[PDB]
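Read the single chain below, which is given as structure tokens and is the form deposited without the ligand.
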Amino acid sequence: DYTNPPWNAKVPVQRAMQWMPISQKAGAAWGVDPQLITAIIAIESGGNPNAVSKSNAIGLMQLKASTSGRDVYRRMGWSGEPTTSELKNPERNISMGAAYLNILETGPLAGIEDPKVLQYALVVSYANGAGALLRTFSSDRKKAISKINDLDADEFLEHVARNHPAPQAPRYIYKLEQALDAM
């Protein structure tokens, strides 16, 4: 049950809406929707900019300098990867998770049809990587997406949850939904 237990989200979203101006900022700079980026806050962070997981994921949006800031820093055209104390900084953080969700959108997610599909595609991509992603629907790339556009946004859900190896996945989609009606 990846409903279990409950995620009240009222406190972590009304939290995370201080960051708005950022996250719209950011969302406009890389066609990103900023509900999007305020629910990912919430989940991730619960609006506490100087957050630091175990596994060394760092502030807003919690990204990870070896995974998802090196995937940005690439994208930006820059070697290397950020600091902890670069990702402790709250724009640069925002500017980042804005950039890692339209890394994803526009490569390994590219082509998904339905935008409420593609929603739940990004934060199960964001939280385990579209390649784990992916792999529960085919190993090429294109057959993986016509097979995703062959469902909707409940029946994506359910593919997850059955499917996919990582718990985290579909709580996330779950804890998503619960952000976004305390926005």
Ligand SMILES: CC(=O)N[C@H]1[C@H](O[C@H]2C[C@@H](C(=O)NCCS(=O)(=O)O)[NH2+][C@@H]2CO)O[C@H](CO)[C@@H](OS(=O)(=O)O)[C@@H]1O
Given for the second form:
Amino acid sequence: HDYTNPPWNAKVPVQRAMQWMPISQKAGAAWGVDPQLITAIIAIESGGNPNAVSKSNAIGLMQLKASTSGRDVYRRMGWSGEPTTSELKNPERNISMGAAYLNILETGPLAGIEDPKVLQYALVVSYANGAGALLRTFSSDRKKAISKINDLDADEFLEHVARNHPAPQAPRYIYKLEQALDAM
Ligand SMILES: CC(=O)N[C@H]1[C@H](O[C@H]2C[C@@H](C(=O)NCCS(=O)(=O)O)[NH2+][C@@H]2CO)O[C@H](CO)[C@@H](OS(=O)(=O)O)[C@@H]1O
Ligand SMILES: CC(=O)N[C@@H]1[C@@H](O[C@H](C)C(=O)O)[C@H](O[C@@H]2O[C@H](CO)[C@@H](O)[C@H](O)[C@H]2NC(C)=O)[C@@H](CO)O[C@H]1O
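Next block: the form deposited with the ligand bound, after the form deposited without the ligand:
Everything in the complex follows now, all chains and molecules, and the chain you saw is the first one.
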């Protein structure tokens, strides 16, 4: 299946995502996450609409599900429970939480990925469809998965995701990421 069709035109989504850049820069510097990756994710997830709600109830600029990333980010803060839908519609909270989740993905399940480009692809695919789902396409054992990921360059990683990831959305996300980065 051609994960690049239909083509995704990044101009409008990215330009709108850029209007949130003051928040993304601050969030990014706080969590050690690249503001451009944050901007691309905004463009891709919501096209810059802070009230966006997906069919699976992902919410806001960076489309967080309260029950997954919301819960995990709260945990990382030392809090119980999860944010509300309403709370996820607040731009600052949404972006700061998205940035925190990216940090959680990089420092936890994706720790050990050597090539920064491969890591970037792995992050967006984990963000969109879950780290476990990504890692299990390489191995049931996390260290082995990371090891296998480290054997690939960024283009080979994309190819593996396109061939082996059960979610069709996963490789398309990488395609959109590159479209988005260029519109910046
Ligand atoms: C940032 C965030 O909340 N990411 C979560 C992602 O949301 C996705 C789902 C997707 C979505 O809402 N798709 C529906 C698109 S549509 O309505 O059919 O058009 N958008 C969101 C951000 O990428 O779903 C996966 C898998 O459940 C989760 O993986 S998990 O940790 O293993 O549970 C992950 O936490
Ligand atoms: C054809 C296309 O690419 N449309 C974009 C749309 O993608 C969805 C998945 C679609 O094909 O209908 C995109 O919606 C977001 O897509 C990402 C995955 O790429 C999801 O993680 C988000 O949750 C989706 N958002 C919502 C609200 O469901 C939208 C976002 O604005 O733009 C379309 O260009």
